[PDB]
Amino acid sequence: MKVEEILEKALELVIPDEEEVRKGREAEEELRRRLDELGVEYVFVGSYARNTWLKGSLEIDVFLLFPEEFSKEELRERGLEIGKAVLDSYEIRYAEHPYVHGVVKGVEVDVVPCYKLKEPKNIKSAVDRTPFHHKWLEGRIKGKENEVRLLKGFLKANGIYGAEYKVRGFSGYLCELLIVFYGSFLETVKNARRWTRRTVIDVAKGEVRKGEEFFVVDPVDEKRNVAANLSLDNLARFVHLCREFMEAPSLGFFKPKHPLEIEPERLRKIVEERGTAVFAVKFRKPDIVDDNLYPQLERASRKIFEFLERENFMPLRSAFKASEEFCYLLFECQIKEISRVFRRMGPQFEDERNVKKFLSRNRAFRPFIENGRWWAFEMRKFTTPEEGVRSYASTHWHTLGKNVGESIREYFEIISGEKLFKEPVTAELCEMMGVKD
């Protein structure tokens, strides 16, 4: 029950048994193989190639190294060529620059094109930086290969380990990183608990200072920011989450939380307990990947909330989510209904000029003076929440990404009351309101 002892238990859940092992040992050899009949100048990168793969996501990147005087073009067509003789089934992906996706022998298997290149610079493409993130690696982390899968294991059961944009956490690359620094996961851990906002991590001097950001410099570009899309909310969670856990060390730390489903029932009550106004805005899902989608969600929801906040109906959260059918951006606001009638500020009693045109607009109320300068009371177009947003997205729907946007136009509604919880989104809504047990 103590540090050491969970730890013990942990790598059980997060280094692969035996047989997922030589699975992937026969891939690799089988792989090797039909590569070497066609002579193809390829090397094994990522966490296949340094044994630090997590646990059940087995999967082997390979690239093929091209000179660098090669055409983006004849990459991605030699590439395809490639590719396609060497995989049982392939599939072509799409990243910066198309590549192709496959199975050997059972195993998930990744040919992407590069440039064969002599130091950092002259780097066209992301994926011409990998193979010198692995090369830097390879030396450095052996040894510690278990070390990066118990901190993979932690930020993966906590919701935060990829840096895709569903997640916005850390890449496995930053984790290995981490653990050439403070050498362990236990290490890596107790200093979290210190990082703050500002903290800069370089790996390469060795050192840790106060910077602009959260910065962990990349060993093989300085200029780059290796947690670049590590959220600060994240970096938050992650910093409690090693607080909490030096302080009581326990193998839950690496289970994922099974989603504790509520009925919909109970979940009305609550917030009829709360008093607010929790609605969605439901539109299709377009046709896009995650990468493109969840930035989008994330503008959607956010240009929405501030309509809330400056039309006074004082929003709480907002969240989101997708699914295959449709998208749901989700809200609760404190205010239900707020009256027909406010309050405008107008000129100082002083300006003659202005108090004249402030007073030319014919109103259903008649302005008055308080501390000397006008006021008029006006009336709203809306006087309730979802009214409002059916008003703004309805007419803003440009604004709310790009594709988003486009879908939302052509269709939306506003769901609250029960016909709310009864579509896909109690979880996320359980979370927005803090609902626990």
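Just so we're on the same page, rigid core means the largest C-alpha set that superposes within 1.5 Å between forms. Numbering follows the first chain given and starts at 1. What changes on going to the form deposited in another entry:
Looking at 100, 137, 227, 329 after a core superposition between these two forms, you find that only 100 has a C-alpha shift of 2 Å or more. When two forms of a protein are overlaid on their rigid core, residues whose CA moves 2 Å or more are considered shifted, and residue 387 is not one of them between these two forms. Once the rigid core is overlaid between these two forms, residue 37 counts among the residues whose Cα shifts by 2 Å or more. In the core-superposed comparison between these two forms, residue 192 has its Cα shifted by less than 2 Å.
Can I have the other form now, the form deposited in another entry, not the form deposited in one PDB entry?
The text that comes after this line covers the one chain and nothing more.
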């Protein structure tokens, strides 16, 4: 097991077989014919146009070029009209920039409308750079497409591929830029081992400098950070994965990790061993796009975690899961039950004005003096994390994300114990607690 031989075997996993390629070329030819029959102006971009698409994950991107004077509404209406007329079956679901997704002779297709600008200067639609990325890449990625595939396969197998909010990882484009910059997958991995959270990679200048945060400047637009949505943690996982890989090569790094089935009876025993409070807030999943949902699940989950820490329940970690039916914010605290009494800091004995106001307070236990200042015993309105969250969630629902919050407002429940291990969250909990196997 040496890098050399391993990467040789890995190609079998990332390179599309001749049949899959034929399927794409055949689908390409059909798109062309449907589009030419409409006399539409288009251009093939992305993975398929450059032959850097990962085996099994083929998607053809067709970009409909529109004059700059056109309305964003005209693009949407016209582009959606063209997309629907050109796909066997289609689906329209997006967060902001419109596009049609569908199928042609068996392969996934994305028909997207954009403005045909000159200079990726001041983009008008969110996707106007894409055509220029193609221009900039077609002449430089030639001969190294399999190197790109190795990188994509590597990141995909380890859950950090996509740049969408569900993953906060490396986009396909970023991968190609990295390949152009380092020359190959091995080189990229070798150098990535020394990346820092301040690393700046400028491919157009062929330079690596120190910066404010992780920044990969787009050759097409120097102000654009291609890795803007790559989370710090995901950057850290990659760098580490790169160290581990070079240290002990294995094509296991290209094989998707074990689905993991682990029985609920085992989870119960682990939680018992841990002596922690493991619970979850359950509510109905809002009918909105992944790209809108996840950031809200992140916020809600975080706002509640902070409530748990300032409330002294010693939160350990939080996680979340979304099924098609419901959503779950998961928590584990070191404190299952806290006392009713606690001490609140008061003024220094020195100024009677404030000491006076501090003592006029109707109180159950009579404040005391300790180290030069007054302190008072106070009673909590709740003593467990669950009682706390039920309280917080019912009252601060509006701060847990627009849609996620509104849903919790109309309904939510706190699941714990055995009734929790039944829900579709065992995987997430095991992951959250670091259960190995």
